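The chain that follows stands alone, in the form deposited without the named molecule, written as structure tokens.
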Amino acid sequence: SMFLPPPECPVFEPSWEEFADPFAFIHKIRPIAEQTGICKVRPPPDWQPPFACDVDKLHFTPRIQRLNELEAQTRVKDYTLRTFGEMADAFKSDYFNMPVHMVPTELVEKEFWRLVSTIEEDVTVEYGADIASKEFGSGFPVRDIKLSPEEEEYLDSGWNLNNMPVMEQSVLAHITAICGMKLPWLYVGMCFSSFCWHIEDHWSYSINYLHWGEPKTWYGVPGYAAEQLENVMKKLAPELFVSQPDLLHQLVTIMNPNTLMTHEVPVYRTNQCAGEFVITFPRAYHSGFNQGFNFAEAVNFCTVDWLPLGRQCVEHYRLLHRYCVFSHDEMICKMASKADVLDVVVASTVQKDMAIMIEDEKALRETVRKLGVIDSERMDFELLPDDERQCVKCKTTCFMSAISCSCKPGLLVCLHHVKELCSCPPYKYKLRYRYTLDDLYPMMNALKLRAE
């Protein structure tokens, strides 16, 4: 009745030993956590990164948010941290006519789901969401200004979310085509400010650290249930699913987890408190809201586990005509080209994805040859700005190959959409390709040798 809280997601308390390597730990909890989509990680008690900042010199431009269930919001788009904090505390205090710390979390949750469903309540809140910059930087210690011995202890932590991208067992590190994707984002919350249901770009992992303040409430759905959830959402708000001109236009929404649970979508919840991590797994839908004034930091990442899903994701984007953030094939080939310095498990996993890539590309090239595309020319796709190498039809970022025609200068289609480029006969077309099979086998062999 009213709101039934979803069951709690897994909570992990790793020992210092388990904690030492984030990627090893994440890989260990993976069979459990991927069944629930999100999980919470409580660091060992003394792991205590120093948070220090001036509340007066940190400025940011707030986003404004209406709180209506099923209403469309766009995903991405002046206060000091002190003035925001004052605004946020006053808002929560006045809303409940109570001191902020006496408002039970259970009640804020109940009330959140009441207010978003009631058409007549027009509650609007504000929040901060931005990547780290110089006007507003990471809450974790970074290199620059002299650091205390304690800050230095945490400079090179795996769980320092600035390091998380560029680690060894990570995969998106040596891409350097994507700042919006693997720089940490900073989030300043207030009571009821919320993040709509979504999954990460390219079905990556994400990891969120709440530095300080009141808790952040999460709902998460396991990856296997993603398409159930989308079916439920398509039925109840099809407006979210019309095609969009790019990625700065993705439409998302608030939706009661109980609605999902009624349609047999498994949902889990958690309250993330200061000093705790939440991790989301590939293609795991999640959403939530802040209990009060707080400060969080989050970053996307990709493990070796993720590589096959990343390939499936790009295929799914193609079917949906959704824009890519990067070329998955370009990333794989970039790693293959650096096979001698790769982690050995990484090399073994890249090798497997590359073999699939090569088999699929064989098939596609045979097909376009049989369509009467004969002329071909090598092309260094990675040098083209992304907007200059998207398939006209499905918007995929080309890298391995594409079709062009002298008739439509500058336009490309991927090899799935050879018929969609123009009216000219196939003999007027050129296959543009990054590599021959011969180019690829040194790369493949290098991976095999590195992987032993």
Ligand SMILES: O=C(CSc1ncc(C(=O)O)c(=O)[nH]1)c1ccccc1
Contents of the next structure:
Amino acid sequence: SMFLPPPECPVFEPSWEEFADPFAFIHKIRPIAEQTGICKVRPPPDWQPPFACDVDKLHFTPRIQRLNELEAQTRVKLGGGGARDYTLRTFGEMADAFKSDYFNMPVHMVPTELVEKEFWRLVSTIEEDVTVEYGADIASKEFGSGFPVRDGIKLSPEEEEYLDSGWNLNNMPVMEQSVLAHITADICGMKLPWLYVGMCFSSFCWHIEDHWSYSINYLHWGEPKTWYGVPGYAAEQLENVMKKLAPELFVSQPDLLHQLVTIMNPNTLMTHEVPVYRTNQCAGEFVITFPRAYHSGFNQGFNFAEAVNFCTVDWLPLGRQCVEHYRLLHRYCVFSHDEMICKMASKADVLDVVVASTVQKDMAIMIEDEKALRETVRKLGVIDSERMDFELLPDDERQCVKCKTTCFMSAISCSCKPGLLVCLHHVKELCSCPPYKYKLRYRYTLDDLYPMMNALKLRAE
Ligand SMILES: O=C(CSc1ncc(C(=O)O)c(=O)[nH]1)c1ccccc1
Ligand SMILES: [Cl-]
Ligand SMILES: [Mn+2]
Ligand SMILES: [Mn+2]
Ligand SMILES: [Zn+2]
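Switching forms now, from the form deposited without the named molecule to the form solved in complex with the named molecule, please provide the structure.
Starting with the chain above, the whole complex follows.
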């Protein structure tokens, strides 16, 4: 009555045969799971990766978190935190003491139902000022992946068994059914797994993944992680609810790192007709989030999770829509979607054939859109043009000054404003000079582009 738990998300228990190929499995469950936004996956009894560490030698910099509903929090940035330092042992000791002191009970006898109830009480009661700490970063020499990775150091035969698993999250990016694989541009924050060390009540605010990608989260060990998820189709519903209750979160900001997010009771969303689902993720289980599926949660206690973004062929059209949406909001991109597409086209001979077919369809849309934009800017009197290798420019040197989109297919420059670019939607936002002073900078002619797409079609057969 104070808190009503959302209904449970789907839980899948695949056979080893069903489980072995993550991409085939995800495609199979997608008609069910995309209706709930998140789902949980229990691997077959078979699958049991080694979880081995000396907690005395693993160090990380803790982040501090206040727990107030609707209060703005800043998105985690790589290597922030500060200079302070915990080992996994001293953090665990701190975390277990916090929880057992908080409830005056041993940590495992606190029911998950109760921690959940207490979480939503304490975040709404700002007479309470509970602060907690957590770890969040990519693998480093001081704190590595919880999955086996190659290095020597001699690996056990059981560790070797899991090196090339499709569910070893170090691998998921670089597998052939993943389209982020082919991206040459390092984007560490996105293609590499994140490591999360949690404690009771430490939480992750409501968000969707960059570029509306999937995510997959594995809980290596510890107390459960509680999740709330919202299906992709209700993303704008949720955002509307949020913009009315917490308008502060929707101000334009300097960059991608200054992104603001918040804790919000799922009952509040359910009250405004946003469908929400929940789950408790236990050690050894996976949670999968689908494209544009909002999710949030908190930890039941001391634990260690690993998560990574990924993008399947199914995602490609949504990826294009996402960048369009980013343009409308003037939100920064993590990478150029078109650059990714053209990179794959340039590698058509070595592409998985299903990938080739789907890339070809997205490329066809890209080319027709580009054709139309170029005709529009020509009618605005932009006549001069020159080829430009956009992929060579640092990202922050090829952003539209208006909408911040990362340019690749083309942009407009002007001698009156050296170094500045606009995308072709924002030709009028660059300078006040006469039209003929403008230059179309383009990566490819239409005559370059159609053969590239043809190579994909041949590969797809
Ligand atoms: O703030 C975040 C990090 S997402 C995150 N997920 C899970 C945990 C966790 O299980 O402990 C966490 O600490 N953080 C974010 C990410 C993308 C866009 C905007 C914000
Ligand atoms: Cl509070
Ligand atoms: Mn996430
Ligand atoms: Mn505009
Ligand atoms: Zn623009």
